[PDB]
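**Q** Chain by chain, the residues run as shown.
6 protein chains.
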Amino acid sequence: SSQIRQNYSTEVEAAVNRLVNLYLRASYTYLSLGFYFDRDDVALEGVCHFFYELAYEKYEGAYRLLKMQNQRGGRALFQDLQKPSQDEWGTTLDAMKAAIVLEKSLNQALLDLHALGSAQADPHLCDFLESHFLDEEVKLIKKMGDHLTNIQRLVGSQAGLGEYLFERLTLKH
Amino acid sequence: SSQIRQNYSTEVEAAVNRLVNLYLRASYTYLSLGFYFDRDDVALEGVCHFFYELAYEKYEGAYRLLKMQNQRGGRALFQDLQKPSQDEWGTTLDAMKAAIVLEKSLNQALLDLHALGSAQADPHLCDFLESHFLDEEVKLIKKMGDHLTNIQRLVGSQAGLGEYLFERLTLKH
Amino acid sequence: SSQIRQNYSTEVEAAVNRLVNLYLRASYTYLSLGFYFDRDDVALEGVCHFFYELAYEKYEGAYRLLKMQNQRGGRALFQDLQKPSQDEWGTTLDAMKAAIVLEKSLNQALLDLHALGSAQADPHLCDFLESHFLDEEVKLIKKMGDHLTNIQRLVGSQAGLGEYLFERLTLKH
Amino acid sequence: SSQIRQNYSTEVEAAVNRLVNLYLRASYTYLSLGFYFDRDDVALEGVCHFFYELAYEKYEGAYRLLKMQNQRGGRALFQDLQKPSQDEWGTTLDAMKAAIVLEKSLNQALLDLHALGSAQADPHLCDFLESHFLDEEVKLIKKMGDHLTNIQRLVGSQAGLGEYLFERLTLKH
Amino acid sequence: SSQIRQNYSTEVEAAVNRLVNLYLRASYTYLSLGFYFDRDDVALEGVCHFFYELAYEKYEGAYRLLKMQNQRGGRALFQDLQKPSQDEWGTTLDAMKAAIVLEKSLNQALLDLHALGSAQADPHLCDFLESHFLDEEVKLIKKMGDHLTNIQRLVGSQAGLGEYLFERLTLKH
Amino acid sequence: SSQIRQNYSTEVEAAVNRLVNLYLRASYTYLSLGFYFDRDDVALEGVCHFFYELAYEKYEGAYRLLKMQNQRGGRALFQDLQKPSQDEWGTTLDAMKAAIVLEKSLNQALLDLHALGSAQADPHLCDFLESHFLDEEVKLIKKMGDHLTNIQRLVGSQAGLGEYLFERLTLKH
Ligand SMILES: [Cl-]
Ligand SMILES: [Cl-]
Ligand SMILES: [Cl-]
Ligand SMILES: [Cl-]
Ligand SMILES: [Cl-]
Ligand SMILES: [Cl-]
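Residue numbers (full-length UniProt numbering), protein chains in the order written: chain P, 2 to 174; chain D, 2 to 174; chain S, 2 to 174; chain Z, 2 to 174; chain A, 2 to 174; chain B, 2 to 174.
No lab work stands behind these hints, which were simulated from the structure alone.
Take these hints with a grain of salt, some might be off.
Pairs involving identical chains hold if they fit within one copy or between any two copies, as the list cannot separate such chains.
Think about it this way: if two alpha-carbon atoms lie no more than 25 Å apart in a straight line, the pair counts; the simulated DSS-like pairs of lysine-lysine are [unchecked claim]:
hint	residue 1	residue 2
1	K173	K84
2	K98	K173
3	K98	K84
4	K173	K105
5	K140	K98
6	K98	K144
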């Protein structure tokens with residue numbers, strides 16, 4: 002069949018197509034989070050920018066997986082993309098809790114694919130994930146944990162004040 | 002309900018959410034077209050770049066609709082995104098024929114929304130489509146028609162030669 | 002014996018010396034391919050430049066292995082270098098088919114050495130190959146597969162025309 | 002407990018805290034080596050600079066481990082730091098022999114932690130060590146071995162002359 | 002014994018070695034304070050930077066003492082370094098109270114060494130401390146007192162809000 | 002047969018292919034000499050650089066011969082390349098004695114080919130060797146003779162000292 006494929010299992014090829022769907026789902030989730038915080042009755046610009054940047058980051062992860070699929074001689078296959086889990090995302094705290102749950106689900110999927118690649122003795126796959134995904138994910142989850150702690154300390158007796166101050170003084174606008 | 006909404010019908014709000022889904026579907030279609038032409042057994046770089054640029058253009062149309070939805074005080078609602086119509090896209094000619102069918106479907110959806118806005122006496126909506134969508138679509142469909150004519154004249158007795166030459170001498174690589 | 006050697010097996014040391022011989026053999030093969038396409042009765046400058054650049058790339062892989070051998074405290078040992086498999090390399094298509102066979106043989110040798118290093122719990126060796134060899138090889142084999150597809154589509158009824166056009170419009174001159 | 006911790010064993014967390022202590026011990030050893038060669042009755046500036054730079058390099062390795070500990074959601078724990086093994090370090094040859102023994106002890110600790118991470122299927126840990134520690138250590142031990150050979154060839158009949166010349170013509174002052 | 006030593010008592014030499022240990026202990030304390038505020042469940046970047054800068058300042062004080070010891074012809078002697086007094090440092094207020102207690106202990110040690118040097122008629126020692134340590138310490142303790150007053154005024158009814166605001170609007174991030 | 006060949010004997014064509022093998026053998030010899038002096042138990046950087054530069058110079062002589070072979074319409078033919086005469090090269094003096102023996106063997110081969118070209122009344126060949134090879138060889142052999150005299154004068158009673166000093170003060174590092 003393939004003129005270039007070498008040491009690239011059907012199991013890894015399939016798992017890469019599934020991981021693309023997970024990253025595009027995550028990208029779509031962040032697009033929805035961004036436009037919720039852009040609503041005139043929510044109006045938290047720095048929160049909107051935080052999640053819009055993540056929509057782009059997750060799309061770029063999908064793009065790198067698809068590029069690698071073709072570099073290895075697998076076939077990119079696209080499936081339907083489910084809509085995000087919510088239409089309205091609550092407070093900045095609710096949204097950042099949803100985001101860290103989403104990132105730990107992507108991180109577990111990365112770790113599971115790395116374990117498959119290790120079992121299949123596919124060092125190019127293992128290095129690819131180590132070099133472009135695992136540390137990106139650890140650093141993002143650490144950032145979200147930092148943000149969750151600062152959001153939680155600002156709730157106090159005065160949730161609205163804390164939510165304003167976090168968006169103004171931690172996030173970019 | 003909304004503090005800003007003025008002269009913005011529920012019919013237009015719903016039709017804008019549907020049009021976002023159509024543009025994101027089109028974006029996803031172009032992502033698939035791009036990665037098909039990137040395959041080592043297809044390998045037409047200028048065709049890959051043509052369709053990848055359209056994936057971005059259609060995403061940007063979805064983004065402008067969502068921005069406008071919030072500017073008017075409607076609620077952005079995301080639905081599932083169906084996968085593209087094909088997994089393999091045939092020749093450059095097959096792909097460019099699929100692309101012009103897709104663009105005429107987006108153009109008809111734009112014209113239908115403009116007619117709804119005109120019936121609802123919503124001049125901001127009508128101007129928005131006139132200023133950011135209708136001419137973009139006319140110019141792209143003219144470009145695709147130009148390309149289809151040049152692809153068709155190169156088929157001759159020697160399809161492979163013509164497909165190479167079109168990618169090398171008309172498309173960007 | 003060695004003042005610096007640590008966690009560096011005799012098996013890996015020997016396999017690194019063998020891999021140097023394989024890369025220098027490959028370099029010599031590409032020098033022959035380059036000078037064949039430089040003949041006045043072949044005269045395909047872009048094909049000559051493609052293979053001459055690969056002679057340098059394979060020499061550089063041999064040089065990095067030898068540097069690493071000394072960094073680990075092994076002893077570089079040189080053996081005779083067999084001449085290339087052919088004196089005349091046929092068409093650009095014949096030559097590019099020979100080149101992808103040669104690159105998949107180097108890639109398998111890399112994967113076999115990585116497996117030895119993994120079995121010997123030699124993470125410096127494994128990372129060295131992951132960081133400087135495995136992706137270089139995947140990217141080159143993808144490029145050759147792209148080129149083989151474009152060469153094959155240009156054969157048509159008119160092999161000479163296709164061979165000229167590929168050298169003029171894809172390769173660098 | 003931890004909001005960010007994922008795939009991070011208590012065994013690795015503890016071993017990282019121990020490795021921090023080993024690197025800070027090594028840093029302190031190099032601070033002592035540097036100030037010994039700064040004595041007016043020793044007075045080998047290039048030897049002082051060599052070991053002072055290593056005090057900084059080992060401190061930076063401790064700092065990167067502590068940063069990573071927090072990125073993974075482990076708890077940095079500091080323990081007492083033992084003083085260096087000697088108060089006086091003898092000749093440049095004695096000092097460079099002590100330094101290579103110290104670096105091979107750090108390298109073995111790195112390899113042992115990498116093996117623990119591999120057993121615990123912790124690819125982020127394994128990649129972290131591969132990317133920031135293993136090659137740094139191989140390159141430093143090779144440099145020290147080079148220096149030991151040049152110091153040994155200069156002993157001759159005239160140790161003082163050789164020790165001066167090595168400091169003047171190989172080390173930086 | 003020493004070719005350069007002049008007017009440099011054994012009492013001062015010993016007291017300088019003890020003061021080095023006190024400054025390295027203080028440096029290690031500030032390294033621990035810095036990494037505590039870097040935890041994802043503490044996450045006060047400006048507090049982390051404040052204490053990390055002090056780890057460097059205290060290390061530099063140790064380095065200047067060791068340099069001076071050799072300039073005078075004394076022998077630098079290193080002893081074990083005890084770990085910091087706490088593993089967890091509480092609130093920014095708790096940490097800044099611990100820091101001013103630590104700085105007043107270093108200041109008293111400086112004053113005691115100055116008194117020893119004065120009793121031993123060692124004007125080089127006395128001037129050294131006056132020129133590089135006493136004013137540095139007065140200025141730092143004044144800064145910490147300023148910070149303690151601003152932290153205390155922000156506790157109010159809403160400790161978390163005050164702790165965020167102090168880190169955002171007084172400390173550097 | 003050849004459309005361009007004119008005044009180019011089969012004897013010269015064959016002798017040029019043999020001379021290519023001699024120059025590639027010499028290049029390989031210098032690669033081995035370079036990596037021997039890079040060993041941590043040899044560690045003479047300026048000696049390593051001297052011989053590595055000669056590996057490149059001899060490769061370039063082979064390349065110019067092959068270019069000229071095609072310019073004249075002869076056929077480049079590659080044969081097996083024997084490994085270098087030694088695996089270990091002894092002292093700098095031993096290595097430089099081996100190198101001058103190797104260069105006088107290349108110089109005699111150049112002179113023999115020039116005599117063949119003169120007998121065959123092939124002035125292009127004779128001028129080619131005069132313009133790109135004979136003086137290069139005379140100048141290199143003079144340089145090596147200069148180096149041998151300086152190495153010999155430094156042996157004295159203290160071989161290691163002399164070998165260090167020559168590498169430090171004559172060769173490039
Ligand atoms: Cl769903
Ligand atoms: Cl569908
Ligand atoms: Cl053979
Ligand atoms: Cl101890
Ligand atoms: Cl203690
Ligand atoms: Cl032989």
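**Q** When Cα atoms must be at most 25 Å apart, do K173 and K105 count as within-copy, between-copy, both, or neither?
**A** within (24 Å within a copy, 31 Å between copies)
**Q** Give the relationship of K140 and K98 under a CA distance limit of 25 Å: within one copy only, between copies only, both, or neither.
**A** within (16 Å within a copy, 32 Å between copies)
**Q** Within, between, both or neither: how does the pair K173, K84 come out at a Cα-Cα threshold of 25 Å?
**A** Answer is neither: 27 Å inside a copy and 35 Å across each miss the 25 Å cutoff.
**Q** My question is about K98 and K173: at a cut-off of 25 Å on alpha-carbon distance, are they close within one copy, between copies, both, or neither?
**A** Classified as within: same-chain Cα gap 19 Å, cross-chain 27 Å, threshold 25 Å.
**Q** Classify it for me, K98 with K84: is the Cα-Cα distance of at most 25 Å met within a copy, between copies, both or neither?
**A** Close inside one copy (19 Å), not across copies (29 Å); limit 25 Å.
**Q** How would you label the pair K98, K144 (within, between, both, or neither) given a Cα cut-off of 25 Å?
**A** Cα proximity of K98 and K144: one copy only (12 Å, versus 28 Å across).
Consistency note: the structure conflicts with earlier hint 1 alone.
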